[PDB]
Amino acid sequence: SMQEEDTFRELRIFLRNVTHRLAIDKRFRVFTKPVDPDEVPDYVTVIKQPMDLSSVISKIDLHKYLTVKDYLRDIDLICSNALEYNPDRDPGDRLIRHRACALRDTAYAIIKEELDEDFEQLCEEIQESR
């Protein structure tokens, strides 16, 4: 229905706004763009599902997210990819992991404060209906 399409458009608006706020945070710069294979040629072979905030924005616009839950799965992927690819005790790796965990915690906390739980429940019920 058109009311359903208004619901998902509000969802996309909300997700673009949250994603923009993460993308402009200097700590998260490394997660704003896909890894360059010309820097890291083994990335694409170690990490099977690369994910970054630029790709998240593209997916919102392609209507790939019908719930905040499916958006958060991609935030989680950004974070777990960074933990998996950079697992060493040295400071370069520790810094990336700290930032990856901060990216995830920040996204969850914005959503906890600003997403209405009845709005998410509606999205889930429309999605489940399709």
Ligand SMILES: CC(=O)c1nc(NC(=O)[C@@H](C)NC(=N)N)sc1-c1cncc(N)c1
Second form
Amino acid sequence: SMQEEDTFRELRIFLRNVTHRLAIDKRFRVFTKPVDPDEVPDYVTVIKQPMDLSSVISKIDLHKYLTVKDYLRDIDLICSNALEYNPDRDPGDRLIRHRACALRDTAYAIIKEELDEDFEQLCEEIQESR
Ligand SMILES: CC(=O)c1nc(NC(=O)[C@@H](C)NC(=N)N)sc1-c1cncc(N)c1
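Mind pulling up the form deposited with this ligand bound next to the form deposited without this ligand we just looked at?
Shown next: the complete complex, the earlier chain at its head.
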């Protein structure tokens, strides 16, 4: 309905704002753009489903997220990809892992503090009805 599309529009507005706050954080610059295959050749074969904050923005705008659970699955994908690609004990790997976990924790913390549980529940019930 028209009411329901207003609901999803509010969700998109909320998700753009959260994603922008993540993308301007200096700690998360490594996650703001897709991995360039020319710079990193072994990536595109180790990570089967790349995800980054710029691609998150595109998906918001393509109306791919109808719930924040859908959005958090891509945030979690950004994190788990980073952990999978950087499993070694060396400092570079361990710095990226720390930032990946901080990206995840920050996203979950903003949503917990700022997204009304009933708003998300409404989003899920509209989704489950389609
Ligand atoms: C996405 C990601 O996790 C990532 N990890 C990296 N790790 C490394 O460079 C070293 C420390 N570890 C290793 N095992 N290669 S660089 C990198 C990345 C590559 N291209 C573009 C963007 N933005 C990020």
